[PDB]
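Visitor: Listed below, chain by chain, are the residues.
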Amino acid sequence: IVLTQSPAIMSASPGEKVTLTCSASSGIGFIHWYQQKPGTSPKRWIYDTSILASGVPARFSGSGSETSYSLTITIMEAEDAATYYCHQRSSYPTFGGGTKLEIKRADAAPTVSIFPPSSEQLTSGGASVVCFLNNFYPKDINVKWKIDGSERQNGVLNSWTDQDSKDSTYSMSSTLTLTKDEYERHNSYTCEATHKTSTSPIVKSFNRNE
Amino acid sequence: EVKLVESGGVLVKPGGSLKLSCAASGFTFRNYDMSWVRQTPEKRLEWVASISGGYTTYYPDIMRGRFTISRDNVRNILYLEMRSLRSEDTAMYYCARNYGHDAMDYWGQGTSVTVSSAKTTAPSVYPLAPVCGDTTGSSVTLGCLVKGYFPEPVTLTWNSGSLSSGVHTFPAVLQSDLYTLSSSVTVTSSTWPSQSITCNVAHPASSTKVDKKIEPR
Ligand SMILES: CC(=O)N[C@H]1[C@@H](Oc2ccc([N+](=O)[O-])cc2)O[C@H](CO)[C@H](O)[C@@H]1O
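These protein sequence lines map, in sequence, to chains L and H.
For the entry's author numbering, add 1 to where a residue sits in the first sequence, where the first one is 1.
Anchor point for the second sequence: position 17 equals 17 in the entry's author numbering, and the numbering is continuous, going up by one each time.
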């Protein structure tokens with residue numbers, strides 16, 4: 002019994018209605034919903050299709066029958082942003098891939114920051130130049146590097162954070178990983194941060210030392 | 001105070017075995033059916049096994065042969081014996097309880113299993129300071145990068161708990177059997193360069209715990 006949760010990731014502003022949906026391969030007596038937030042176990046949330054777990058706000062409801070089910074937050078709250086797995090145990094236990102609820106914010110551009118290798122890293126014989134594109138929204142960003150003006154996109158370790166609890170913005174960490182031999186063969190090292198907020202990028206560079 | 005507490009998640013090579021102990025408290029264990037459910041690094045939940053109050057085991061076909069669900073009803077403990085591991089068997093392993101017809105009502109916080117041919121390599125520590133007298137205006141950001149460690153995970157801090165707002169600590173990415181992990185922090189241009197800052201980082205396996213204050217220029 003494959004359970005199917007479309008969409009896998011969505012967004013809503015506090016106050017809006019949110020309806021997640023779960024569709025069973027084949028008919029089942031009951032669906033059960035688990036809320037998981039990052040760095041915890043899933044908590045049981047709505048069970049036996051309808052029945053709210055103790056603790057769970059009245060804004061949450063669970064409807065459905067046979068083969069289609071839906072969980073509905075009546076009045077979205079920042080509080081409710083988590084991944085919501087659906088689950089059946091009528092035939093062999095299974096889960097959905099879960100839809101992920103993120104909090105819709107106003108658009109923000111990022112506080113970009115480029116940093117040339119530490120002395121102990123340059124010592125070891127390998128350069129890694131870090132760009133912290135911090136506190137933007139939407140999630141959706143692409144960064145491109147230019148090793149002496151020419152677009153070089155190899156050795157690039159990108160890593161995002163889960164949406165912020167306070168500001169509900171995303172943040173990213175780009176790491177261009179060269180060698181010392183390679184780092185001692187160029188001058189300019191720039192950091193092109195392209196985002197929805199402006200047509201004009203937000204650059205931050207350093208021509209090696211001084 | 002219904003408590004479930006998983007144990008003995010580690011690194012072991014493809015083909016080796018491992019025993020997970022889940023320890024129950026705050027409810028009559030023997031009245032509840034217990035289950036293992038694992039979450040893959042990409043957050044897909046997968047039922048592994050379930051054992052009856054009456055010691056009846058249930059398994060899906062992919063899990064039968066290599067997994068043995070079992071319980072101690074007297075010292076209330078649940079056990080998963082995993083044998084001959086694949087890279088697929090890398091996940092969080094949560095124990096959880098259901099009563100009867102009912103669905104799982106409470107999950108432990110899970111023990112972490114990673115199975116790969118990579119070796120306990122310690123992390124390396126380098127800070128990141130940009131300012132030599134420029135963008136010394138509104139605020140400044142400091143950085144703390146850790147490169148090439150195994151296994152995951154690693155835990156950090158800024159001045160042993162100080163900074164809550166402004167801290168960003170990014171999820172480890174794998175290059176090739178080597179994990180690298182960055183973290184940042186923003187401050188008023190008043191507090192830096194004055195209050196010198198040090199990110200404490202500790203690796204579980206190697207037990208390595210080198211500190212590194214952020215340098216001036
Ligand atoms: C996780 C969970 O929900 N686990 C429980 C669920 O497991 C089942 C349910 C159905 C099948 N099946 O159709 O082959 C196999 C195992 O029900 C069992 C009987 O109620 C046990 O209580 C078990 O602890």
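Among the clues, some could well be false.
Below, a list of computed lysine to any residue pairs in the SDA-like style, where the Cα atoms sit at most 25 Å apart [unchecked claim]:
id	chain 1	residue 1	chain 2	residue 2
1	H	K209	L	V57
2	L	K197	L	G150
3	H	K3	L	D49
4	L	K101	L	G150
5	L	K101	H	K209
Which bits of chain L does chain H cover? Going by a derived footprint, with three or more residues having C-beta under 8 Å, they are [as the list claims (entries may be wrong)]:
id	region
6	64–72
7	114–125
8	155–167
Keep in mind the hints are simulated off the structure, nothing from the lab.
Where is the CB? At the ideal position from N, CA and C, for every residue including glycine.
Visitor: Now, for every hint given, state plainly whether the structure supports it.
Guide: Hints versus structure:
Between H:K209 and L:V57, the direct Cα distance comes to roughly 41 Å. Violation of the 25 Å bound is thereby established for this hinted pair. The suggested pairing of L:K197 with L:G150 holds, with an alpha-carbon distance near 23 Å, which does not exceed 25 Å. This hinted pair checks out: H:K3 and L:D49 have alpha carbons roughly 23 Å apart, not beyond 25 Å. A threshold of 25 Å between alpha carbons decides the hint, and for L:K101 with L:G150 the separation of about 39 Å lies outside it, so the pair is violated.
With a C-alpha separation of about 35 Å, the suggested pairing of L:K101 with H:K209 is violated against the 25 Å cut-off. A count of 0 residues in the region 64–72 of chain L with a Cβ less than 8 Å from any Cβ of chain H is obtained; the coverage claim is therefore unmet, three being the minimum. Counting residues of the region 114–125 of chain L whose C-beta lies closer than 8 Å to any C-beta of chain H gives 10; at least three are required, and the coverage claim holds. For the region 155–167 of chain L, the proposed coverage by chain H is satisfied: 6 residues have a C-beta within less than 8 Å of a C-beta in that chain, meeting the threshold of three.
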